[PDB]
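Take a look at this single chain, the form solved without this ligand, given in structure tokens.
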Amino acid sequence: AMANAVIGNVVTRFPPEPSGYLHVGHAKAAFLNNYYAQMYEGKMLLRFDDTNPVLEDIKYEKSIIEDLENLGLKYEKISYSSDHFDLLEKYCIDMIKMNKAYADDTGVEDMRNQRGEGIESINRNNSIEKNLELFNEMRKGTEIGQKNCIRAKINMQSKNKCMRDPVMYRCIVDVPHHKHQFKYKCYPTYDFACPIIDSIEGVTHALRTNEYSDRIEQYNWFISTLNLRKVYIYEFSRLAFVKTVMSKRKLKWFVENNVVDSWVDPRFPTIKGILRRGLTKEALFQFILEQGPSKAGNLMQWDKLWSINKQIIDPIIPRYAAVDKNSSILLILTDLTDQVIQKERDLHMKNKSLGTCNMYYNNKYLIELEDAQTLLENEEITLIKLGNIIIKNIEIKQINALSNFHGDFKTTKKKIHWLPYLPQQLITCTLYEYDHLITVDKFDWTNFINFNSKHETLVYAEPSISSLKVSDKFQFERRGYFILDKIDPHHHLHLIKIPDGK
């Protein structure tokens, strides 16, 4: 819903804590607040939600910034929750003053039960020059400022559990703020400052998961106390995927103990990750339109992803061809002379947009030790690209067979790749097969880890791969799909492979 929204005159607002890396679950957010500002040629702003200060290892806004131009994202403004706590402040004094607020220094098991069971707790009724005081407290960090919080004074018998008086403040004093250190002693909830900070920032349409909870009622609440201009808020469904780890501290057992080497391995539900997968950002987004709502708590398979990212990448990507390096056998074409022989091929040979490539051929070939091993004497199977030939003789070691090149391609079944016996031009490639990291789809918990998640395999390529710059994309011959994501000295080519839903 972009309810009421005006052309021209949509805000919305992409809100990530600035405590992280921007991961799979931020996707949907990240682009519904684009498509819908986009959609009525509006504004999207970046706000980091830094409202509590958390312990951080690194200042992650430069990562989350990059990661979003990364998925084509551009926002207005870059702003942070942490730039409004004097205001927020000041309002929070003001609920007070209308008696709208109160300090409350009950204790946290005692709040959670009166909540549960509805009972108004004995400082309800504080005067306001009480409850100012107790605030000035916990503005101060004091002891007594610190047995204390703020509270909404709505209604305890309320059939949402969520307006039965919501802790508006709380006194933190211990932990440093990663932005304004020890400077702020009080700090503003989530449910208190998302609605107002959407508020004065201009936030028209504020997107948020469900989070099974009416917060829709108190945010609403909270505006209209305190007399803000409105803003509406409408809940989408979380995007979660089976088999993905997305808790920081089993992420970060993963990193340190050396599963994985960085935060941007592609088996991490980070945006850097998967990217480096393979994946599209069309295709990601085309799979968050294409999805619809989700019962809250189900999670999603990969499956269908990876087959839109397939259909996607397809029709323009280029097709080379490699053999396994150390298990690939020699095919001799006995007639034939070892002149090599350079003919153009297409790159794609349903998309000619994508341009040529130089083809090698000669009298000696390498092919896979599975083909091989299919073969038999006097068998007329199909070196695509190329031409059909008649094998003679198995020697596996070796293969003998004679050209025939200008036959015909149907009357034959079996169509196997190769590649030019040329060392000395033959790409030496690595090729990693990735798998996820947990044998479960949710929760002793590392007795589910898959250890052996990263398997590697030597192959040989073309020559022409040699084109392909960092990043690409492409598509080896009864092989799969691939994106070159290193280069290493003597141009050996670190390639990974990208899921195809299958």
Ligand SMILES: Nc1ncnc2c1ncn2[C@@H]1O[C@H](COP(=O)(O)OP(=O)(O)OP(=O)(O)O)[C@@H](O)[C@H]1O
Contents of the next structure:
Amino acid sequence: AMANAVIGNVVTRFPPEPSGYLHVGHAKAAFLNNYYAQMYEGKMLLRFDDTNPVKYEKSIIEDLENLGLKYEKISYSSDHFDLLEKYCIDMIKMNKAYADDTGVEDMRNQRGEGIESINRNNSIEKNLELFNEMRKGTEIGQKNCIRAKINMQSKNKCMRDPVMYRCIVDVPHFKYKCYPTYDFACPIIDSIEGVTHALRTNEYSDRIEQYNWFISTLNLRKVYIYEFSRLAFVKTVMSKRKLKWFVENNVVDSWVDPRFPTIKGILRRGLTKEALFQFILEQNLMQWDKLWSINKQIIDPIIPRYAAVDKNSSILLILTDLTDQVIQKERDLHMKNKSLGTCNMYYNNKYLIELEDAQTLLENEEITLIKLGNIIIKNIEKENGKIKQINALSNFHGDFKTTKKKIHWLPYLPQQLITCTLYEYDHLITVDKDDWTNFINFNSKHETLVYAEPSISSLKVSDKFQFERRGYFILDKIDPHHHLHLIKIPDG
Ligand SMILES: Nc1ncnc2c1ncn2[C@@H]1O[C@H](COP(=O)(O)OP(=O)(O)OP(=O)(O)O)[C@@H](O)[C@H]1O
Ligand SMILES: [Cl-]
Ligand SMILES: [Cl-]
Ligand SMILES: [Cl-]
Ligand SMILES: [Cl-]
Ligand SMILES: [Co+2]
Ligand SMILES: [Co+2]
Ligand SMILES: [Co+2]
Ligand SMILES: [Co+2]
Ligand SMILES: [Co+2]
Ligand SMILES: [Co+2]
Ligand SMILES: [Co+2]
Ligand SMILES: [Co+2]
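Compare with the form solved without this ligand: the form solved in complex with this ligand:
Everything in the complex follows now, all chains and molecules, and the chain you saw is the first one.
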């Protein structure tokens, strides 16, 4: 619900702090801002919220690009520090703000007990003196903050004289020695940037009364607040500190690791932006499984299908009636989607099949090799207990419909088969949500070496596809000697 929204006059803003990498929760915020802007044919601003001193701008902009979220203009909170100072002074002159040198603990217990600080009654001229001490960075100023004068007895703790301005000399941004708080800066900056609908998380809904109080007390143009719920996932860390620990201790080898909930992370993992947006629209800690099922339903109709077998469990099958001449046939990349085009299939008398499949056959069973035809299994050579080889006869014109058992396969053409590594990942932690390192899966990157069809040479980095009867994958990397690294996409 966007209050009084008018087509062509809606302005939202996405306000990420430029102190970290965007993650999936940020994505819900950025997407809802864009979605309401587009709904009303309006504008979405990008504001780097650097209100308090602590270069990720490029990462953030690149992730906004990758999600297809455009914005009309980029600004920084700090662009308005001058004007915020002016407004702080105006509020002192209206006796709506005062300089308080009370310590933090006693301020908090005074606030909890509705006790007005003795400084609440400071004169205007004294309040201004003390604000200037804060601006100059003196020890006097470092002892003081500026609070708003609202209502200490209010049932809303955010209306009990919230801090507006603080003296921060300790750390660099050293130009300013006092800084507005987020609670004071946000309504003011939203007003002066022309925001009409300021989106905000569910957490602390008490601050809306405060935000409106700042707007109206300064007689600024009104801004509506819309609220949405935070997006958080089970078995997922999103703290900056915890992610930092993972990286520094070589649990992952970068901040783009496909187990990370960063935007880069889960796009590398195979997620489409359409899947994320649709999940947000059609939906506390969420379960990943509906997100990955929506991804599966989105990607399955528009990705090619290839075959792969385990490079070392796979067993040799020989159709003894054929020769070693390699026959080539054109086939569809997608059986139900002719637009994805064709590739080349190659066959001979020698094949590789999966050992889990080969253990399931018995003499003179009829089965099907997908995209090729039927075969009659004749002999199972078991040397030293394990299956060593399977001999069968071609029956390519027999009816595959009469077969309950249809399997995938590779031609045994090793100078043409492409070697690949499958990376299957799991959650970095084991519980849903200080000894926390006791619950890390230090072994959540399972690798499998496989052969894949020659035609898979056609793929480019980041293409998605399906391995027959294996699952869904994204091409992450291409090695020297044409060796591919493929990440399994979860499918719910
Ligand atoms: N898990 C989440 N789900 C949805 N939106 C989020 C989530 N985390 C942050 N956001 C939204 O992302 C935007 C910027 O977040 P950022 O962390 O950069 O600022 P912040 O000051 O730390 O605010 P927050 O304390 O909410 O994270 C804000 O609109 C924020 O409310
Ligand atoms: Cl406080
Ligand atoms: Cl919501
Ligand atoms: Cl390691
Ligand atoms: Cl990596
Ligand atoms: Co339109
Ligand atoms: Co910066
Ligand atoms: Co000092
Ligand atoms: Co799971
Ligand atoms: Co020959
Ligand atoms: Co024939
Ligand atoms: Co595992
Ligand atoms: Co390698």
